[PDB]
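For reference, the chain that follows is the form deposited in one PDB entry, supplied as structure tokens.
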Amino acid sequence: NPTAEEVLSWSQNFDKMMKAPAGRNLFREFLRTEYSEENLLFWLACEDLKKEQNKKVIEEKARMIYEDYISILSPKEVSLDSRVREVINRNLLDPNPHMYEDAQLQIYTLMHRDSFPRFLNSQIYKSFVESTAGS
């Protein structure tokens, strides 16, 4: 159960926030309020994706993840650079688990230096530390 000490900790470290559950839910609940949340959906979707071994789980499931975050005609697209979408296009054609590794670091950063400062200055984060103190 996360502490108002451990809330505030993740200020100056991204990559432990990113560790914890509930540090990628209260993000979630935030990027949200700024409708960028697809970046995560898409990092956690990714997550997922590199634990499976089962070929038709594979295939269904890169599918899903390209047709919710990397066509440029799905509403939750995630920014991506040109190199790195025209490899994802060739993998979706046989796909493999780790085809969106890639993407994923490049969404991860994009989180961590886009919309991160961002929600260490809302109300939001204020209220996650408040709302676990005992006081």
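We call the rigid core whatever largest set of C-alpha positions still superposes within 1.5 Å between the two forms. Residue numbers count along the first chain shown, from 1. First, how it differs from the form deposited in another entry.
After superposition on the rigid core, displacement of the C-alpha of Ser11 between the two forms amounts to 2 Å or more.
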Contents of the next structure:
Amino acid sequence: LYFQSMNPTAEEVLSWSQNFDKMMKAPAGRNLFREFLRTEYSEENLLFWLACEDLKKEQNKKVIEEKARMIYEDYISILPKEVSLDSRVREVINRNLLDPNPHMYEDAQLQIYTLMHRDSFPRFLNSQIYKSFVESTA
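Having gone through the form deposited in one PDB entry, I am curious about the other one (the form deposited in another entry); can you provide its structure?
Here we give the lone chain, stripped of any partners or molecules.
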């Protein structure tokens, strides 16, 4: 059911510039922002953020473990593809690593969210990708 999110209304699009959180929650918002991040080679930050969102919704124990593993090897391991996290935040992930839960990565997710909001988002709002997008929906 991204089908219903596919082509966003003007009223949906209107709420995004004043609300990064609203945009980050809309599939079409994230997809637009993800194009812009690709041009700055920082896409992985959003992909990590998305994977942490996907892990939170999961409920079956086995798939939580599989997903937590996948996030670690893709975004947190040194061996890639890695996102920049503080040591404080890395050591909390490591302690949560032997007994995984849906909310293991939340401090790391919040750190990368705050970076995107601070550094990436305001350059997104002045990008051609964005301004061209709002121009089309209007």
